[PDB]
Amino acid sequence: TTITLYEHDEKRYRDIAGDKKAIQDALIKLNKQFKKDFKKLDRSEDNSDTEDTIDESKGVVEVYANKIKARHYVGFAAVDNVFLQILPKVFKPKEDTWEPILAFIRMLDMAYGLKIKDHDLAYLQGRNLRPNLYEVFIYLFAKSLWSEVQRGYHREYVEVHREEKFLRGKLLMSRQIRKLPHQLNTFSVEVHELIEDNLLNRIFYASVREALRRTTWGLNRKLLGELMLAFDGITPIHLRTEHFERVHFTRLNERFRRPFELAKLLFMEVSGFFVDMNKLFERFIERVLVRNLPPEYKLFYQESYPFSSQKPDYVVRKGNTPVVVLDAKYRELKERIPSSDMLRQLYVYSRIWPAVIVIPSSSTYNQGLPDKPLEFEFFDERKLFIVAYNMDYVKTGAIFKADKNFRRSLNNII
Amino acid sequence: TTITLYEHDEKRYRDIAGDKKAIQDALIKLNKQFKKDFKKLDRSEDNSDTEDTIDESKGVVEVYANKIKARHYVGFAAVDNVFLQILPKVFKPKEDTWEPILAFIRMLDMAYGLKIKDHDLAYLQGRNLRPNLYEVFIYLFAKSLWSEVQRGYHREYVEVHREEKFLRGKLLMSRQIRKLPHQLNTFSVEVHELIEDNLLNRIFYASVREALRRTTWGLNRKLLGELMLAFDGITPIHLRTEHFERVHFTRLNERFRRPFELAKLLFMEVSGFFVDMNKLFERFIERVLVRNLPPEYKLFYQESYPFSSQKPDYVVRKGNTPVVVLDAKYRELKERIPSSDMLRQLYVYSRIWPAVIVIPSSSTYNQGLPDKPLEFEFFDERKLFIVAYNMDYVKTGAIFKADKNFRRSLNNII
Amino acid sequence: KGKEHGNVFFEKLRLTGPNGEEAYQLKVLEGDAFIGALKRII
Amino acid sequence: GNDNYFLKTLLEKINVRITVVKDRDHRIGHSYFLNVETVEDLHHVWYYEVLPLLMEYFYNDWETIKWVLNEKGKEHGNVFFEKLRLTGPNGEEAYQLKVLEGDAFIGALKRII
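Quick note, the sequences are listed as chains G, N, F and A, same order.
In terms of the authors' numbering, the first sequence is residues 5 to 98, 107 to 280, 290 to 328, 335 to 380, 393 to 453.
In terms of the authors' numbering, the second sequence is residues 5 to 98, 107 to 280, 290 to 328, 335 to 380, 393 to 453.
In this text, residue positions in the third sequence follow the authors' numbering: the first is 543, and each later residue adds one.
In this text, residue positions in the fourth sequence follow the authors' numbering: the first is 472, and each later residue adds one.
Okay, chain G solo, but in the shape it has when bound:
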């Protein structure tokens, strides 16, 4: 069964496909698996409460008696033929669930640091496939591999001190001089032969073999079927985490960086990955600000310690003199005013940095939308200047029209 969630959204167990007992068995393994692998991913003002909440089967999904509720952890996971995918709530609409997939991967393209191509994703737009995050990241792995295997096969050179019936390469002399004449019929050479089954090819044969076994599309089954035939002579391996560390990216296999990072993102039971929606917006806004703020340079994660260090998500300073704090919040900001938890942190970030502070918030049809300019000016009775900026999201499309509107509102703010 395929189940899909948006951030802070619920599904009924009666309407859902499959079995009632089957889905709740899949989740308790996933929330437990998120507990052991929680510390690998960074957060930003998450209020995670690592001791109590995550180990109570509330790590990724809150499984309840009457419904199934998603926390603010975005991504996907495939467990026990119950494929779960959690999209952001910002891309929620009012092919009907194919626009938020390419919106989320493009927000996973710019924020998280991936180097995927837009024409890789635009190939899938309109082919009426079943929307699934695991079916597209296997495709993004398989297409970027088959576009990097079609040119060259990555045959890397190792040297072997082999006793050959012929003579290839440099003849070892200290091993041939001390050769008895009863065994003179084989040369003892040290040939730098190119092997096809290197460590990077043992991984990509194993990463395809664990992908074709767990794929469900009709496009990925054809593409991984051609990749497995190209890797036919390679002896297979069992994938571990030691194999993904033992290879290093030099200049002769640098073009295999794009399929390998996606092969490390999906393989290392469980499959997939999860990230916090607060930090992914904190990373995504950081791409927008430094591009859109020419007058003043901006650094993310600068920290100033009170008295326990409370650090802003981003601060922009021209040289050192202007202190314009920019704290990225994923909150909906209901009733056109910041909440108690938000404005209390905005007060501290301005005071310990005469410092204006701007809060960027999400804006679409689903999320709360303010007017086009800088919506809310606030003073906290200390000559402060709190500006509520809102970035519109044309990221569901491929054109960046809202970046010009975000620059025009920031130019009036700067």
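Nothing false has been slipped in among the hints.
Here are the in silico distance ranges between beta carbons for each label pair:
hint, chain 1, residue 1, chain 2, residue 2, range
1, N, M122, G, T348, 53 to 63 Å
2, G, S159, F, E563, 29 to 39 Å
3, G, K25, N, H76, 27 to 37 Å
4, F, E572, A, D574, 40 to 50 Å
5, N, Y318, G, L408, 39 to 49 Å
6, N, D56, G, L45, 17 to 27 Å
Some chain F residues well away from chain G (every beta-carbon gap over 12 Å; in silico):
hint, residue
7, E546
8, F551
9, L555
10, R556
11, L557
12, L568
13, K569
14, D574
15, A575
16, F576
17, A579
18, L580
19, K581
20, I583
21, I584
Listed below are the simulated DMTMM-like cross-link pairs for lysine to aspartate or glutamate, each with C-alpha atoms no more than 25 Å apart in a straight line:
hint, chain 1, residue 1, chain 2, residue 2
22, N, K96, G, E55
23, G, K33, A, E553
24, F, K554, A, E542
25, N, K36, G, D13
26, G, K36, A, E546
Hints in this document: simulated from the structure, not taken from any laboratory.
Even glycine gets a Cβ: it sits at the ideal position worked out from N, Cα and C.
We have chain G; now place chains N, F and A onto it with these hints.
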């Protein structure tokens, strides 16, 4: 089945008594009943999130697939023969569960404004009864009623214009002059007779009848059995919320204030009540501060609006000049330092009020305990003075030894 | 695709795995059952 | 237990649970049980010649081998892989095999059928 929780504590469904399906049916009615009756009780920095969390069957109890987890809502409820009681986590021990009951009711005595007696609770100490919050608040209702019915029965005066075969009271003259001589054989009087079945006695007959039906002790069954015999002539009523409003407390039934408020606390399906553990500590510390702060008068809930008003739990000012903010937090305060959410609010409360700020926290064997004096002095790089005060709890006993230690630490703070 | 346990070249085993997986098995046929299994490939 | 069809249905209830969690080419053969003469010989065959193959085919995976023996959820008893009490740094199951003997071993082999 009797199930008991502490605040933020979990129980396993396999170890629990009764049936697995029976308890989860009882909770989904209780969390739904808490949704419709949520707005009657006040909060203080609760982060309730009224729209999403409470209606998702997470109002009082978080019912999960593998366990049952309590939120920070203290009290009790009896639903479908699954009696739930949630005690505070501060009274958790390392007759074994009879000390935290009398600790919680005494904290419900001083904070919430009840006027129960200590010798009402000390009668039950050591009688090896089964610990239950509904069995003691029915007892506190039944003993305070039977101690106020044994003296006087509350026979209140109503006047009736009745045609009596005898002559009692004032004879109505305009109704007797116009009486035809074929019906002269009955006087027409207006007698101020005392009736035993007044509205306050119809309630107490109905409040006992709905208590003896739902009691489980052997002491309350004897006490309510004597109360129901004393109210034998009273015609019963169906209890509503209009009946508890239609009576008013004058001087002639003022001694029935103590059983009636407890009869309104338990009766109005569901039974019992719940209150937020944050506000109940915010109310309980307010009794301690005004008693322990002679030099400066202290007012609770004073508000100052930034820019959305962030108000302290308590502020003490001598006249108007010293601003010593006292914000009560129920947090455990791990690692001897305040958290991000706590210290961010402490910074705002001091700045909008040169103002020192003191945070009181709970301290027992279960909760985190600091040293005896004022444990943590902090400055937030603006010449601030954040003092972490801790009140020890001898409230499990009947003697207030820690109030002298709280006064000595406050005298060094003042 | 929508046939199992009959005159099929790959019949499903009647015991699924722990995570809901299914494993098929090659099935030998003979006589007119095999010809009837070839006459529905066309 | 006076069952003439016992060792036939022992490998059949193993192999049809082997071929659905692994390949068909990873099954347990029948040359190991062709020399059993007493229960002690079957105790040696099941512990030194068959269960080493199941630990070899299922490495770092203790749940699927617990379903091949259809003893899932049952630990700390007459189980061929008892659960170790310890959890680990992040939390692993990490079972350990248990050498049974006597009628208790047959009481653990009867419920594989």
